[PDB]
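Chemist: Residue strings, one per chain:
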Amino acid sequence: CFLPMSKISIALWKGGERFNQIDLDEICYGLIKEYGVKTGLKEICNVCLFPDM
Amino acid sequence: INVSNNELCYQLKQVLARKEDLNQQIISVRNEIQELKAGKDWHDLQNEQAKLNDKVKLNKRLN
Amino acid sequence: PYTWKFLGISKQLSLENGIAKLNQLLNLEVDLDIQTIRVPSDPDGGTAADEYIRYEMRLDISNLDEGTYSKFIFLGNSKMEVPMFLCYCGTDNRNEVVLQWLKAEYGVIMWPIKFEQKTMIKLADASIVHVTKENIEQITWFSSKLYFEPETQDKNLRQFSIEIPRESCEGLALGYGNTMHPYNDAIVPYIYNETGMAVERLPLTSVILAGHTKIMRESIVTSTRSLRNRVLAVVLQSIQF
Amino acid sequence: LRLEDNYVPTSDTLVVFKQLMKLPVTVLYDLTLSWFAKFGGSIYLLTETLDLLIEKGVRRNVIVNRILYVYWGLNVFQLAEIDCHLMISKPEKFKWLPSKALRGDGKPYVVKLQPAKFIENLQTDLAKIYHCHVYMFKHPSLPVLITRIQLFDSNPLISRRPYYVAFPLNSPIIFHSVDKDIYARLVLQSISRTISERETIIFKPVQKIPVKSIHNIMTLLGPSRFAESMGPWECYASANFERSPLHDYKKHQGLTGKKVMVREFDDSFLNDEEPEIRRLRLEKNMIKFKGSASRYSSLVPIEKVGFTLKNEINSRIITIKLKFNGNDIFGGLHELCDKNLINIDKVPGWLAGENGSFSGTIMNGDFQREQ
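Residue numbers (full-length UniProt numbering), protein chains in the order written: chain A, 314 to 366; chain B, 195 to 257; chain C, 2 to 242; chain D, 5 to 46, 51 to 80, 83 to 165, 193 to 309, 317 to 337, 374 to 451.
Here chain A stands alone, though its shape is the one from the complex:
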C-alpha cells in the first residue's frame, strides 16, 4: 500500500508496573472490532476505570 496507514495500541499501568501486552492488545483489538473507534475507546477507558463494572 501507499496510503498513510495508522496504528492504534493501548498500554496500562497499575502504579507498580506495566501490564502484559498480549492480552491488552487482544482486548483492544476485539473491542475496536466489535464496537468501533469513537465508541471502542470510550468502552476501553470505562473498563480501565472499573469502579463498578
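Keep in mind the hints are simulated off the structure, nothing from the lab.
One should not assume that every hint holds.
A few chain D residues that don't get close to chain B, going by computed Cβ distances all over 12 Å [as the list claims (entries may be wrong)]: (1) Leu5; (2) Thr14; (3) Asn73; (4) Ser99; (5) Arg198; (6) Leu307.
As a list, the in silico EDC-like pairs of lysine to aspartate or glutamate whose alpha-carbon atoms are at most 20 Å apart [what the hints assert, rightly or not]: (7) D:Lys419 - C:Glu117; (8) D:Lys403 - C:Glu195; (9) B:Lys231 - D:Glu234; (10) C:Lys156 - D:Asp418; (11) B:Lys234 - D:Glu236; (12) D:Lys42 - D:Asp9; (13) D:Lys241 - B:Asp238; (14) D:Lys117 - B:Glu242; (15) D:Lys401 - C:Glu195; (16) D:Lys241 - D:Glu265; (17) D:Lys419 - D:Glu318; (18) D:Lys384 - C:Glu164; (19) D:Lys332 - D:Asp446; (20) B:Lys231 - D:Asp115; (21) D:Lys419 - C:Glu150; (22) D:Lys426 - D:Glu327; (23) D:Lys148 - D:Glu91; (24) D:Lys332 - D:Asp418.
Note that the Cβ used here is the ideal one computed from N, Cα and C, for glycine as well.
Since the structure of chain A is already known, use the hints to place chains B, C and D on it.
Modeler: Okay, now just chains B, C and D, sitting in the frame of chain A:
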C-alpha cells in the same frame, strides 16, 4: 449357445440400464454435496460460530 | 376457428327479392332475417347515422362439419358513401357460387378489404364491448397479445410482441376513467408514454386477444360463429372515403 | 481408462473429409507437420514432399487425400485439433451460454487457473465415471482458454457430441456450450469440483438464452470495459469524449463546443426537408442507440430479449410483457427509430440497448436480471 446368447443380451440390456441409473444417482449425490458444502446457511452458521467463539474469548479475558 | 374473410359491396341493395333465384340455382333453402340493429343503444347517438340493417344469411344444414358451415353476415346504411359490405367464413364451394350469383344478378362490384392500423385498434376496442339485454354495455377483459412484424436490413428485427395481462388492462381502464373506448384512449397512450413505440405507425400484424378473437390485417378469426354489432359497425365505418 | 492421444476412435472417414475440406492449405501444412512431429506414420525427408506440393499450387482435395491416406479416423487428438481449428475459423456456427462462479457467502471468485495442472486433474476426475479425453488451447486473438471435452460410449467406441467450456483469463464468468443432457451436467459439475482445490466453487448460471459467437460473448460478459455499459453508455467504455489532463486545452470540448439540437418536451410527435436538421436527427438517433458516431448493426448482435415493465399507477401493479426476436434486435430498433416511427424523446434506457442480452423485469425504474 443361441438361447443363452439371447438371455445374455437381455440381461446385458438390463445391466446397461442400471449403469445409466447409477450414473444419474452419482451425479445427483455429488451435486447435493457441492450445493450443501457451499450453501449460504453453512457460511452463515460458520460466521456466527466464529463470532460466538470470539465473543466468549473476549468476555473471558475481560472478566 | 371461423376465419372471417371480408369483401366489399358497391351499391345498396335489398335481399328479400332474388333469393328464390339463388334457391333455384342452389337447390337449397336459406333463411335471411332482417335485423334493424343499432349501435350504442344508449341515447347519446341522436338516432341518426347509428342504425344498420343486418342480413344474416345462414345455411341451416347438417352441422357435422364447421369448415363447410358458412354464414354470410351483411350490413348496410342509406346515408354513407359506400353503403354495404359482407363477410364470409368456411371453405365451401357455395361461397364461390353465391359470390358468382351476387356478381351476376344485381350487378355490383366486389373487392377484398385490407385493414389499417387504427382500424385494427378500433376493432380491438369494439370486440370486447359486450351488449346485454338490460340496455347497457358491460365490458369484459382479455389478456391481449399485440404483435408486430417489421422489415429491416439483413432481417435485424424480425418480429416482436407486446403482451398485456388482464388485471393490468382492467387497472389501466379503471385508472383512465369511465369511457367506452379503452384501447384507443388508455392503453395506446400508456404504451406511447412508457415505451415511445406509437402502435399506430408501427406495422401491426395480429392483435390477438386471450383466445377470444384474433384480429389480423386480412381477416378475423374468432371462437364463436356470431359477430357483434359494433365490430361490423367499425368495419363499415372504416371503408368509407 | 483415461484415453491418451495415441488411441484412435472409430468414425466415418467422409465426415472427416467434409470437415477437413473447410480449412485452408497453410493450416493443413501446419497440422501435417505437427502430427508427423508428434506421431508420424508412413523426419525432414517427407517434409520437402509437401513443401514442393504447396509450392506448385495444388488444390485442397489432393492434400486432404494425402493427410487422410498417409494415416489410415486419425486419432482423438488429431480430431480435437481439427475441430478446434474449425472453431477458430468460423465462429458463427457455435452457441455459447454463460455461467458465473460463486463461492462462500456469494462473493465472486476469479478462476486464475493454469493450463498445465488443471488438465490432468480434470481428466483423472472424469475418468472415474466415463471414458473421456480433454484438450485445451489458447485462442490466438482473444485472451481466453477454450477447452474441448469429448466423451465416449460402448455400443468399438461410439463417440458423443463434443462439449466445449471456454475459460476467460481473469473473470468469474465461465462459458459452456449449450446442452442439457446428463453428460453436460456431469462435465460442468466435474469442472466445478476440480477447479477449486482450496475452497468449493458452485456454478450458478447467469443467463438462459444462448448467444452466438465467442467475440460477442467475450465483449458482453468477459473481462472488458464494455461489460456493463453496452448501450447509450458506450462512450464511457471507450473514453473518446475526454482527453488526459496533460493534453491541450485549446482542443477541448469545453472550449470548442459541440453542435446540439433543442429538444422538444411537449407532445409534438403524433402530428406528422432541412438537411442539416436531418443530419442532426440522425446524429441524435446514433447517440441514443449507440456511442458517438453496416451502419445500423450494433457492437454486439443480440438474438432474443424478453422484457417486463411493472409500473405502479394509483396503487395498481400494471405489468406488460415485451418480447423481441431476430438477428440483431437493437440495430433493427435503431433502424425503426431512424424512419421516424419511434419517438426517441420517450425511449427509456433499458429499451435503448443497455444491459444487453439480459432479459429481466423492471420494478420502479431500475433494471434487474432474471434467474
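Chemist: Each hint should be assessed against the structure and marked as holding or not.
Modeler: Now the hints, each set against the structure:
1. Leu5: Fine: 14 Å to the nearest Cβ keeps D:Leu5 off the interface.
2. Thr14: holds, 19 Å
3. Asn73: The assertion about D:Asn73 holds, with a minimum of 39 Å to chain B.
4. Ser99: Since the minimum Cβ distance to chain B is about 34 Å, D:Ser99 lies beyond 12 Å and the statement holds.
5. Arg198: holds, 17 Å
6. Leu307: holds, 51 Å
7. D:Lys419 - C:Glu117: holds, 19 Å
8. D:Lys403 - C:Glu195: holds, 15 Å
9. B:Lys231 - D:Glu234: holds, 14 Å
10. C:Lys156 - D:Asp418: Holds, at roughly 16 Å.
11. B:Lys234 - D:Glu236: Holds: B:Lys234 and D:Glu236 sit about 14 Å apart, inside 20 Å.
12. D:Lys42 - D:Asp9: Cα-Cα ~10 Å, so holds.
13. D:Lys241 - B:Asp238: Holds, because 19 Å separates the two Cα atoms, which is no more than 20 Å.
14. D:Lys117 - B:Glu242: holds, 18 Å
15. D:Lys401 - C:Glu195: Distance of about 12 Å is within 20 Å: holds.
16. D:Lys241 - D:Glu265: holds, 19 Å
17. D:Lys419 - D:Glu318: holds, 16 Å
18. D:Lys384 - C:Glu164: Distance of about 16 Å is within 20 Å: holds.
19. D:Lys332 - D:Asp446: holds, 18 Å
20. B:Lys231 - D:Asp115: holds, 12 Å
21. D:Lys419 - C:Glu150: holds, 15 Å
22. D:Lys426 - D:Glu327: Status holds; Cα separation ~17 Å.
23. D:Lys148 - D:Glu91: Cα-Cα ~12 Å, so holds.
24. D:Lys332 - D:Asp418: The hint holds at about 11 Å.
Of the numbered hints given earlier, the model fails none.
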